[PDB]
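Model the full assembly from the supplied sequences, consistent with the hints where possible.
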Amino acid sequence: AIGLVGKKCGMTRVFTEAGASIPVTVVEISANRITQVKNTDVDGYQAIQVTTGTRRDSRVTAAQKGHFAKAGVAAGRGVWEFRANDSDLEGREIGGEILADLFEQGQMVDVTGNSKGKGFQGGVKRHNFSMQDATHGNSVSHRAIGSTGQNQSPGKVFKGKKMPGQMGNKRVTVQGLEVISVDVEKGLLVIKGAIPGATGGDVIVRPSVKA
Amino acid sequence: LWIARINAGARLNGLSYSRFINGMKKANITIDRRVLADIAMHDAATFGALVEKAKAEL
Amino acid sequence: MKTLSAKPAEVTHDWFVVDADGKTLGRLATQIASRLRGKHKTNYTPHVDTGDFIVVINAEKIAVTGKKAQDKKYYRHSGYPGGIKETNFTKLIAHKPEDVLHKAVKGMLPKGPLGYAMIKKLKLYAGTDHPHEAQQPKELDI
Amino acid sequence: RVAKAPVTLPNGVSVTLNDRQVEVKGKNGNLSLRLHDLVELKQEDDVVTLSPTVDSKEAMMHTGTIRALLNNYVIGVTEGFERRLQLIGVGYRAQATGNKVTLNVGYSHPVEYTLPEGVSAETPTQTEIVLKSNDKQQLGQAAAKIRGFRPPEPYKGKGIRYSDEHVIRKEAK
Amino acid sequence: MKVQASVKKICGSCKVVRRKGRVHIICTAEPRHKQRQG
RNA sequence: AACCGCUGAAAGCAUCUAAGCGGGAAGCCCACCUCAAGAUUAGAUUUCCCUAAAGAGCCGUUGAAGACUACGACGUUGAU
RNA sequence: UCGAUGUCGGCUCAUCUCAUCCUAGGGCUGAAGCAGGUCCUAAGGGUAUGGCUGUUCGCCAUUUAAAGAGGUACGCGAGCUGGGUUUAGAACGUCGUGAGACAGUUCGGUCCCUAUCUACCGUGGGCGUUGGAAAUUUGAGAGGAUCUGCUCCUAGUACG
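Protein chains in written order, with full-length UniProt numbering: chain A, 2 to 212; chain B, 60 to 117; chain C, 1 to 142; chain D, 3 to 175; chain E, 1 to 38.
Read the hints as simulated data drawn from the structure, not as lab findings.
Beta carbons are placed, not taken as given, at the ideal position from N, Cα and C, and that holds for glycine.
Wrong hints could be hidden among the right ones.
[As the list claims (entries may be wrong)] In silico EDC-like pairs for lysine to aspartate or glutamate, Cα to Cα no more than 16 Å straight-line:
| id | chain 1 | residue 1 | chain 2 | residue 2 |
| --- | --- | --- | --- | --- |
| 1 | A | 117 | A | 58 |
| 2 | C | 120 | C | 98 |
| 3 | C | 123 | C | 139 |
| 4 | C | 2 | B | 102 |
| 5 | A | 39 | A | 102 |
| 6 | D | 27 | D | 60 |
| 7 | C | 61 | C | 19 |
| 8 | A | 8 | A | 134 |
| 9 | E | 20 | C | 139 |
| 10 | C | 2 | B | 111 |
| 11 | A | 39 | A | 94 |
| 12 | D | 59 | E | 30 |
| 13 | C | 7 | C | 49 |
| 14 | A | 39 | A | 105 |
| 15 | C | 2 | B | 91 |
[Stated by the list, open to error] Taking beta-carbon pairs under 7 Å as the criterion, some of the chain B residues facing chain C (in silico):
| id | residue |
| --- | --- |
| 16 | 67 |
| 17 | 68 |
| 18 | 99 |
| 19 | 100 |
| 20 | 112 |
As structure tokens, this is what we get:
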């Protein structure tokens, strides 16, 4: 259940020999250097910690620099962790490498990302509220929220009420996405689907739990 | 508060408040609850003697 | 002559171990609440915490009489509409076996800052082993 | 009455009570049950007697049920328990291999059933199934589970039925 | 089966059984006569 | 859950129940996704630093990030 | 409650009950099968668009798995509208000698408030977390989601 960290490079299309469009997204995959292996005895749970990309020394703090030097890996642009079990901790030791060959062609994956931030948005967009009549006497309520409660009883707005809020820039997971192609030499993985987030952002690719 | 402290002392000495006061009244001991609580709080042996008298009267 | 208080600086809290195996939930909780409040001490004053430290082991083996194991229901509300959740005594002792005795003692103890302090004093541990060997408490039967 | 009735032991069968557990050994197999606390077991040569610790309407019932269990176990271990199931219909056939029995019924997928420990199923012919068990409780539970998949029907009689039992018949139109 | 506050035997074949503090009427002869209280 | 049981006495029979053992729903609790230690019970792990240290902030160039914030990147050892 | 608690309907936004409309599990059937009828369990989701009329309702057309019954100030106007009702104008029928009147009708007819507190939707500052800091995190617990048609195959088989 261990995955990998990549960079969204944008969307393109793959033609099938039958002449079928396959909309795909390309994720840049630098080798994921294992910086720490977590286990039940020391940590109480099993996981693999990895780093990817590159970070300059002026931006790498002394604590993080020592943490990386313990593993013997070059500092990346962030540290990530993957929940793992005994099977998945089989051959993964500190300082090892995880490449795109973790994933084989044609299988389902789940992709997690930071969705594009729309900023502070109204109910109509964020919650798909129906718009009120543009004409026929409407005054200041074309895009208004409308009623938020009933009366004295209860006399309060219920928790979880749908109201204008910040939309986007949140962790989003998409499941059941196929993997069209894998390139170890170029370190690039091609995944079917939207693969949430913007281009240039960090995306987490894991095997699908549903399978 | 005095009753609570007297109950605590009597139960430390092996007796409950409702029986300790009854034993006081049967022994004809007129010590008030304020003084009884003071004795229980600051002098354990004298309260033990009082409980002994009450238990002998019961 | 005046009636004096316990002067929190002068009160000492003793450590006792209570084995909850096979005891009645409410009848044990009343005694634990009394000990936590400090009602057994002659220096008891309502505004001072003069109680003891009660360590309870075998909390999952506490007993309830009748069909209360399957019929006693614990409710809670999440604060969201329709967010009323209900569990059983049996399922609660399977999931979080401490929470049964914790809830029973909480209901008995008074409500307020000082009640929060006394409930903080309470220590509950499942099983026959507790991490209080260092404290060296005294076995207590009640 | 049942509790008063003393169980009769064959020479081969032997029963022992220790730590409030009853164990019966016979040639067919070994059967163990848990004795109820109110009930008490007394062993005298050639016979077993069950009596309650305290005399009450509550305890008489428990001693009686314990006596019934022990009598059933004694005779079952001595000879075993056999039950017969019948399949009615053109397309219904049952085949038993080893400890697993496969039954073919109206449903497209052939139902596969695995017998519990201590139960042996034999079929001299496909239509009729024979189940032999050390103890009646397991035999009845297995037979009920087998019956559950394809219960009888009152219009043509098709399904799985016990030979002893009778099926109500209903006439269409 | 019929759910009703008042349950009574309809024939000699009918039998009264109590399960889980509930009154049930079961007769082998007839399926319809079977009743439950509640 | 309703319902259907196995064995079984009270009640020599019968009986899903009183002891015991089963099947059973879009319902209950998990499993899926998101948040979550102000969980004051404030947890855990790996590193770094302690005569102004490790770091954080201010400031500047700024971002598919953003009302202000905050968050992300960079500041000559640089493509912000 | 008259030193003022804004009406009916519509729009927007909902929340809860089960005496359940569909889906889900069952008993009985005057249940052969398909379809049903009655009752029991079940509130997790879902539970239409139009013509008429100010309508709620109702009738109708065409769909759907179904187009559920209700509470919430007959939910919701400091969220919107203002068609009806309920001012002042005018007219018809009727009543009255007259001024005028009609749960009779008809045309027309100003809908204010920059949110202090609670609540709710987001987002920060402060301190705390038994020295401080850079990161990664376990999860007590909370929320989201929970729908279903049709075709083929089993098989034109079981049943008839």
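Status of the hints after comparison with the structure:
Taking the CA atoms of residue 117(A) and residue 58(A), the gap is near 30 Å; set against the 16 Å cutoff, the hint is violated. For the proposed pair residue 120(C) and residue 98(C), the alpha carbon gap of about 14 Å is at most 16 Å, so the pair holds. Proposed proximity of residue 123(C) and residue 139(C) is supported: the alpha carbons are some 14 Å apart, at most 16 Å. Restraint check for residue 2(C) and residue 102(B): satisfied, since their Cα atoms lie roughly 15 Å apart, inside the 16 Å limit.
The straight-line distance between the Cα atoms of residue 39(A) and residue 102(A) is roughly 23 Å, outside the 16 Å bound, and the hint therefore fails. Pair hint residue 27(D) plus residue 60(D) does not hold up; C-alpha atoms about 30 Å apart against a cutoff of 16 Å. About 9 Å separates the Cα atoms of residue 61(C) and residue 19(C), which keeps this hinted pair within 16 Å; it holds. At most 16 Å may separate the alpha-carbon atoms for a hinted pair to count; residue 8(A) and residue 134(A) exceed this at roughly 44 Å.
Straight-line distance between C-alpha atoms of residue 20(E) and residue 139(C) comes to about 43 Å, which puts the hinted pair past the 16 Å bound. Distance hint between residue 2(C) and residue 111(B) is unfulfilled; the C-alpha atoms sit about 25 Å from each other, more than 16 Å. With a C-alpha separation of about 10 Å, the suggested pair residue 39(A) and residue 94(A) falls inside the 16 Å cut-off, and the hint holds. Restraint check: the Cα-Cα separation between residue 59(D) and residue 30(E) comes to about 34 Å, which exceeds 16 Å; the hinted pair is violated.
The suggested pairing of residue 7(C) with residue 49(C) holds, with an alpha-carbon distance near 10 Å, which does not exceed 16 Å. Between the alpha carbons of residue 39(A) and residue 105(A) the distance comes to roughly 26 Å, so the proposed pair goes past 16 Å and is violated. A threshold of 16 Å between alpha carbons decides the hint, and for residue 2(C) with residue 91(B) the separation of about 13 Å falls inside it, so the pair holds. Of the supplied interface hints, the one on residue 67(B) holds, with its beta-carbon coming within about 4 Å of a beta-carbon of chain C, less than 7 Å.
Annotation: interface hint on residue 68(B) holds; nearest CB of chain C at approximately 5 Å, less than 7 Å. With a least beta-carbon distance of about 4 Å to chain C, the hint placing residue 99(B) at the interface is held under the 7 Å criterion. Annotation: residue 100(B) was flagged as interfacial toward chain C, and the flag holds, the nearest CB pair being 5 Å apart, inside 7 Å. Taking 7 Å as the C-beta cut-off, the interface hint given for residue 112(B) is violated, the closest approach to chain C being about 18 Å.
Going through the hint list in order, the structure does not satisfy hints 1, 5, 6, 8, 9, 10, 12, 14, 20.
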